Amino acid sequence: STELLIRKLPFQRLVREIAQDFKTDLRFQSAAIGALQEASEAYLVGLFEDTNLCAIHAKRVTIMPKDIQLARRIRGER
Amino acid sequence: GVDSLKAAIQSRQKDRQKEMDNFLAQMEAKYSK
Amino acid sequence: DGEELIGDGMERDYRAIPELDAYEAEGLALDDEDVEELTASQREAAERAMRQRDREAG
Amino acid sequence: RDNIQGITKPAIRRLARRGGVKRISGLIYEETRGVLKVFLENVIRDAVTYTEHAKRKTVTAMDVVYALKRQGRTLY
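Chains as they are written, first to last, in the entry's author numbering: chain A, 57 to 134; chain H, 212 to 244; chain C, 68 to 125; chain B, 23 to 98.
Everything labelled a hint here was simulated from the structure, so no lab data went into it. The reader is advised that the hints may include incorrect statements.
Claimed, not checked - Derived, one-sided and incomplete: chain H residues facing chain B with beta-carbon distance under 10 Å:
hint : residue
1    : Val213
2    : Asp214
3    : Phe234
As the list claims (entries may be wrong) - Below, computed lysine to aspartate or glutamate pairings styled on EDC-like, alpha-carbon distance capped at 20 Å:
hint : chain 1 : residue 1 : chain 2 : residue 2
4    : B       : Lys59     : B       : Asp24
5    : B       : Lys79     : C       : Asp101
6    : H       : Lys225    : A       : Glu133
7    : A       : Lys79     : C       : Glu104
8    : B       : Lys77     : C       : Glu103
9    : A       : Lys64     : C       : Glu104
10   : H       : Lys244    : H       : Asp226
Positions of the beta carbon are idealized from the N, C-alpha and C atoms, including for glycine.
The following block holds chain A by itself, in its conformation from the complex:
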């Protein structure tokens, strides 16, 4: 069962909490939450791959927040 990344129920409740700050009384299609979860997990896994490469370039095995920040800057995020 190494297919598991973020559990579905907490992810769904996270999405709905965030959405409330933009519009009240929304419902979601099940596939809308699923697509958001797929995109979020693909984003985070890829960021961890890139972060890992940054750490390795720094001759380290332990990734640190500065590795995440460097990866995001190389990726053009911020």
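Given the coordinates of chain A, work out where chains H, C and B should sit on it, guided by the hints.
Structure of chains H, C and B alone, referenced to chain A:
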């Protein structure tokens, strides 16, 4: 060096964008009119 | 220092929890009503609004 | 409603392992929650904007598809 690190991440990001394009096309094929 | 991701006890991260491993009905659309796809002009109007929103945010 | 805590430490470890990471600093957990928060805020804001312009109250799979298309052009 840093140039190699930069090229590898940018190359991965290009592939990831194509994977996302493909995923969104599959979503359109299933859910779009 | 850090924390080893591959080591004794890693199986504790991979338990199955049926109560959390599926979306719950609350907050989901249950009737296929009022879910019509964006028309071309509604998508364009949203994207014009978001384009102006982003430009103002800088 | 503190649902950011649903991004658990095991979930973060599962994601890091899938990315090939072997060791993490303790500050990685909060950094990851913060990165996911802004990512989700950005995509959901666009998705709900499509929903509003469709004049309905249900976020559809296609609303999210268009928000993810837009994010691919603006996030980086």
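Structure-based check of each hint:
no., hint, in the structure
1, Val213, "violated, 19 Å"
2, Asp214, "violated, 19 Å"
3, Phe234, "holds, 8 Å"
4, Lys59/B to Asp24/B, "holds, 12 Å"
5, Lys79/B to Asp101/C, "holds, 8 Å"
6, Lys225/H to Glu133/A, "holds, 14 Å"
7, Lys79/A to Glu104/C, "holds, 19 Å"
8, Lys77/B to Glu103/C, "holds, 10 Å"
9, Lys64/A to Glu104/C, "violated, 25 Å"
10, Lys244/H to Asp226/H, "violated, 28 Å"
Of the numbered hints listed earlier, those contradicted by the structure are 1, 2, 9, 10.
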